[PDB]
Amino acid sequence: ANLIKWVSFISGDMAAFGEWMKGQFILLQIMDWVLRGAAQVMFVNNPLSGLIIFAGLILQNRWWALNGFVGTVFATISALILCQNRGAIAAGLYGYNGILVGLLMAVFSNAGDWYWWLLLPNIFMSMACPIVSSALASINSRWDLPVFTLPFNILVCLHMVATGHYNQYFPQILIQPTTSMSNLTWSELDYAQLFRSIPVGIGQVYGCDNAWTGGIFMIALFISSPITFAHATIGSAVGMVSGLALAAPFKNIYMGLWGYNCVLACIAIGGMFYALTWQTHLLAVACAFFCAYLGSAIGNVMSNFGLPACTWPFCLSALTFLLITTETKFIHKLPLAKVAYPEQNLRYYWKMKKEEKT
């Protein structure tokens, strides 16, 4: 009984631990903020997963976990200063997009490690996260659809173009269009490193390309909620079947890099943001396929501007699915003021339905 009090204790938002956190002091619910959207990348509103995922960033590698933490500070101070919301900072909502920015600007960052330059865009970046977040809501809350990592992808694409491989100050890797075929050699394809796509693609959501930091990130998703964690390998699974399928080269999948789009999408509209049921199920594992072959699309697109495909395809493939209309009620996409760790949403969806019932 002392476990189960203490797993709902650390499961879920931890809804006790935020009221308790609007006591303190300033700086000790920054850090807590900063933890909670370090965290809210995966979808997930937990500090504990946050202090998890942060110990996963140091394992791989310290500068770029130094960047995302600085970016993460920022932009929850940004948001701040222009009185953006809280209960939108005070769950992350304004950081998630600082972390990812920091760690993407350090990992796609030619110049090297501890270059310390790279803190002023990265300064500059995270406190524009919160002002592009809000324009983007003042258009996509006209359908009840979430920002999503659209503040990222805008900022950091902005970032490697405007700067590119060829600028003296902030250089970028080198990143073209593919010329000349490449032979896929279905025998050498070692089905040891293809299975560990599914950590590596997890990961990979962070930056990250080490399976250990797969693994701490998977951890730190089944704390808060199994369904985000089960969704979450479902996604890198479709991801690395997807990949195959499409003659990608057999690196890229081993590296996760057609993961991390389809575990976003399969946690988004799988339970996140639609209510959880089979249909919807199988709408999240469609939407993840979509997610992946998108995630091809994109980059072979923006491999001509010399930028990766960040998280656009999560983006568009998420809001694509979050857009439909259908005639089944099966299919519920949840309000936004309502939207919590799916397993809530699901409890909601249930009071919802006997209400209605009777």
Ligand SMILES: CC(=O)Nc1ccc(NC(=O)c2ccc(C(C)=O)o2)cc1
Contents of the next structure:
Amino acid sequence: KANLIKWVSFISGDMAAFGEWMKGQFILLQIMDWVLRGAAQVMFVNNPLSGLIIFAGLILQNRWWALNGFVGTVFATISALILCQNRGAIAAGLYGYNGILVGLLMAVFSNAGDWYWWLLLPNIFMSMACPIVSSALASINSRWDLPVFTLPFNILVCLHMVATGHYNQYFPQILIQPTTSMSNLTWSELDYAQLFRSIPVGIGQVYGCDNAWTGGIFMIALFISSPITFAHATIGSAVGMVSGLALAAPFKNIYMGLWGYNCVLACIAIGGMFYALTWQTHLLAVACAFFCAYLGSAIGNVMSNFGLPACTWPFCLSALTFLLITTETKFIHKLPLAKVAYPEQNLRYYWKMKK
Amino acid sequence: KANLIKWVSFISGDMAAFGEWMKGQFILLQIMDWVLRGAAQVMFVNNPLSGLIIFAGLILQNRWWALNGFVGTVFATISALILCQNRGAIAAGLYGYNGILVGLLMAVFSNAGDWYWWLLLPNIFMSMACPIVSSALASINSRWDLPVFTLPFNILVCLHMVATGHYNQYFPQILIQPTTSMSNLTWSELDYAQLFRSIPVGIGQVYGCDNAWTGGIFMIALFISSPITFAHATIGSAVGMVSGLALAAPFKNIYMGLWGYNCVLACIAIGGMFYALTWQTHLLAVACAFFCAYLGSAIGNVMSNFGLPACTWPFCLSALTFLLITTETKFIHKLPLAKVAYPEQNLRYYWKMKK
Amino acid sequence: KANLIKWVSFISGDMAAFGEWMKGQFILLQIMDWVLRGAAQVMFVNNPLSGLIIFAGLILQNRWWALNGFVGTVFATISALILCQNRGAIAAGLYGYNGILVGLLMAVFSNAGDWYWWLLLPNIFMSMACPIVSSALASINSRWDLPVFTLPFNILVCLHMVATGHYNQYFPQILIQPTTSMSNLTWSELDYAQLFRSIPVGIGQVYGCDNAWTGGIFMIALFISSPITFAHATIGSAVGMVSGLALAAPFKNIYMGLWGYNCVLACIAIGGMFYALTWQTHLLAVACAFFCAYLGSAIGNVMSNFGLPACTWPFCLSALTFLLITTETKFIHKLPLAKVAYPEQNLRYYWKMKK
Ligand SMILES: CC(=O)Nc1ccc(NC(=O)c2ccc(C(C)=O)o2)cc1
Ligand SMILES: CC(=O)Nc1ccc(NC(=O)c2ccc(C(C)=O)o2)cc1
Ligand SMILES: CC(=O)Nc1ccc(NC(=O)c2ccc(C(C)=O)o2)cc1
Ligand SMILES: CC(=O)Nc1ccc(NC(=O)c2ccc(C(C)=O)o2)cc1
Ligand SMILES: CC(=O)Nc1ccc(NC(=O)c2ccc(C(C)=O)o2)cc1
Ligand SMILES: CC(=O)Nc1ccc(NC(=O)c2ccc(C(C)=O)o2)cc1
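Other form of same protein, the form deposited with the named molecule bound, not the form solved without the named molecule:
Below is the entire complex, every chain and molecule, led by the chain shown above.
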């Protein structure tokens, strides 16, 4: 009984005990810990165990994608080290999540086929640029006390697959053409099992995986760390589903969760992560999730002309917008960046402050 | 004699006496006053009477457009209230003009036809987002002491009609395709009555109305409040006309005032409104109006690829550029934002300061 | 012997002795000096003699292009004077390089043919807007202590040739269509003389000249002022060549140096000019040059949809990114803007500081 509770407290949330021990151990095993934490940080989670769960999901989805993600995040961490960035930040996985996203989405969008080893070569360079660009953004955004927010990934993944494009002999990408025909959406044709399955599929799309089992694995990883993040994740994916229904989105897109990943990320960040969890904050999170869906439709349409995907551009632009709003209410409380942690610590910090 | 003068002083400029009385009256009538002030604030005018004049013009142009504008501005005001934004700002109509523009231009660009009630549903949401985005912009721009400048509207109206597009089953928009053929502009074909009628048509296009009578109504509303704003309005529309002639613009576009609304807004703001009215400031306003026309040609061409209109993107980007320039002359005086009012108060404040 | 050394010291680097004398002489000859310094400032060089060398190269390439460049830079200087901008900045050519680039590239991209005198009319206006926009950018960027970096030129040249476009009756521009066919790049077809000749051709493309002799003239102008700038120039052009090979770029583009001008500018700025010259800084400069090539491929592809060129947008966005990165190493030292001069003075200032 007490043992199970102690174990639950230990694998929950940022592993403070595990993090304090790691400093002592060997450098390579530390690097592995930082890579795992960064792999979990896409979901705003600082849990190495959730990182192993995430990598299990990625291995389940596609082994080439998992390899690209691993090499991307490890080289992002190494580049953060060689540039002498803050090791508190590297050890918290704040520089590796951009790398894993870069690797995963270059694997996803590459038309060269599975096990195209040359794709590692840009995967390294874009990952090495994940720290640089991150710092370049942090400086601009630290003025308003806003986080970096996956913006580096976006710039890099787009910068790659607009520089190469579909008609590139070395690194071809998938053809993304803008919609030039009216779509006959039939409500009778809609399938509800797939619609309600879009929640895990959206949680999976956060990493680029379209498999529902991978999304369930991701939710398990979230619930190991923070139940608030899990709740806001499901709510964000549901908001994306409903919004896609409301904007006459093609059904196959809602089924594949392409309307959910931006919304889930927005709901995590604007819920517990940067704003103190209050009912006002939770409704702000749902509103930010709805806005984010519009951004996904918009940024998807505006970037389909360039042959580019809309990838996390929507979240950043929504979460940044909702983190910049100034109100006269003391219930929509914006946390300082250093103090920010998983939503439970944020809630405890908020409550102590008020007392 | 003295009575007419007193009445003129009272309906002129920000109605200080009317504003001080309103605080006392009932909440709903206050909301109506704030809605009317916001409707007049597109023209940078804080006059409720000019707001009634503007709504008369909108009713004259299209009753569906007027209804969408009214619902948009009322919901922008309500959203500003529920988010606990400054009531000095809401009472000055600084949160409702974006809403009325959103409603009007969604009505204008919707291909679903007149009296498409479902268009109210996005008209509400984009209007509710007018405060949020406004604050999101204000924070960034308050650092340089600049105004939001209708940027929220732009983001929202574009975000809508790039998310939906022409090929959307629920909210179709008009097809805006980029120019793919050379145009044979004939100077002999030019009609001068329509060219010189483009001044009121441009003042109308500020709100989306292409009717010359509506533009005359708008000028009457301006002259009730501030003659300087009226003069700069006519000058801006004329600058847009001349520039459109100078850039080989199609004649039908100049006739319909599509070259004037950005220029008139730029000339109002860079003339009396944010810069103290000096001959140097007035020439800066004319130069900003000319720049703005180039932006309209440019932003129109760059956004026609996305199927989007260029709507007020040009003004903001010009007025912001001309408000950021630093000179060593004390005659190009940039006013602080709180002190800014209608150009007559700005001139009086400037002159007192110098004395 | 001592005489040759004294002369070398005098035509080297910012001509401090010549600059101090000029203040005394007549206003028109001063204006000529400032125009020449601005013509040399595209290469980050404050040497009037290098300005004469640059204008000799431009006259060699195309006399229409040279005339447009001269009129653009002279009107940029005049506009900087009439707006009462800092004469320390005007006398250093910090306001004329944007003008010469605007004139040169409007001449380059105009489809109206050689000696189209009407092209002078926009060449004047865009040049007159070079100071305004410059100040508009400086204010934003002085907060982070970064330079304007030729961003004004970019905005203006693009703003022109997106406002006019290929199908414009008065100011037609060249057709730039996005790639819609796969290219069969053959390594056997590659010619090495042209590949290695791409270094001077890239240095020429910095000003828009595709002639190798003009590039050699430009390198001579650089070596008169600062050998470090010459070394970083050749290294940047070589990096652009190698990157273009690495991204499957068409061979004719690498031969014409279209992959080098952004890289050479990035390597100059991130090498000696704004960062103190250290081996860490030099590797940062090479990395910034490689990033810049990706930007050129990307910004070229993203802007080819609009019918626009990618012109120096890549450099600014790379140099700005690499100037915003914050590290914990004291060897990547960012110089303050006022202190910045040619790389030799930067190195001497750095070394004195450390002592
Ligand atoms: C002192 C300081 O600035 N600390 C600080 C800086 C940045 C962040 N941001 C994140 O952890 C983060 C942002 C976005 C994301 C994802 C995966 O979307 O993850 C937290 C704290
Ligand atoms: C016709 C068309 O627009 N297709 C299309 C649109 C958008 C995307 N984007 C994604 O699938 C995606 C998955 C995961 C991500 C992330 C989190 O970066 O981004 C692919 C294809
Ligand atoms: C303390 C403070 O920031 N006050 C303050 C803030 C914002 C504004 N801006 C406006 O009224 C405004 C800007 C643009 C427009 C339109 C319709 O174009 O109208 C004035 C004063
Ligand atoms: C082929 C093409 O580009 N057509 C095209 C271009 C631009 C517009 N924009 C407007 O009409 C407009 C009117 C009023 C407004 C405002 C103030 O927001 O914006 C429509 C159609
Ligand atoms: C006090 C202060 O801000 N000084 C200051 C301001 C701006 C610059 N920038 C340049 O000289 C410059 C930037 C970019 C370029 C080119 C041709 O690319 O040339 C230096 C010093
Ligand atoms: C199909 C296509 O993309 N063509 C294409 C692409 C890019 C350019 N840009 C330039 O040539 C250029 C030369 C010099 C400059 C500068 C320094 O401003 O910019 C032309 C044509």
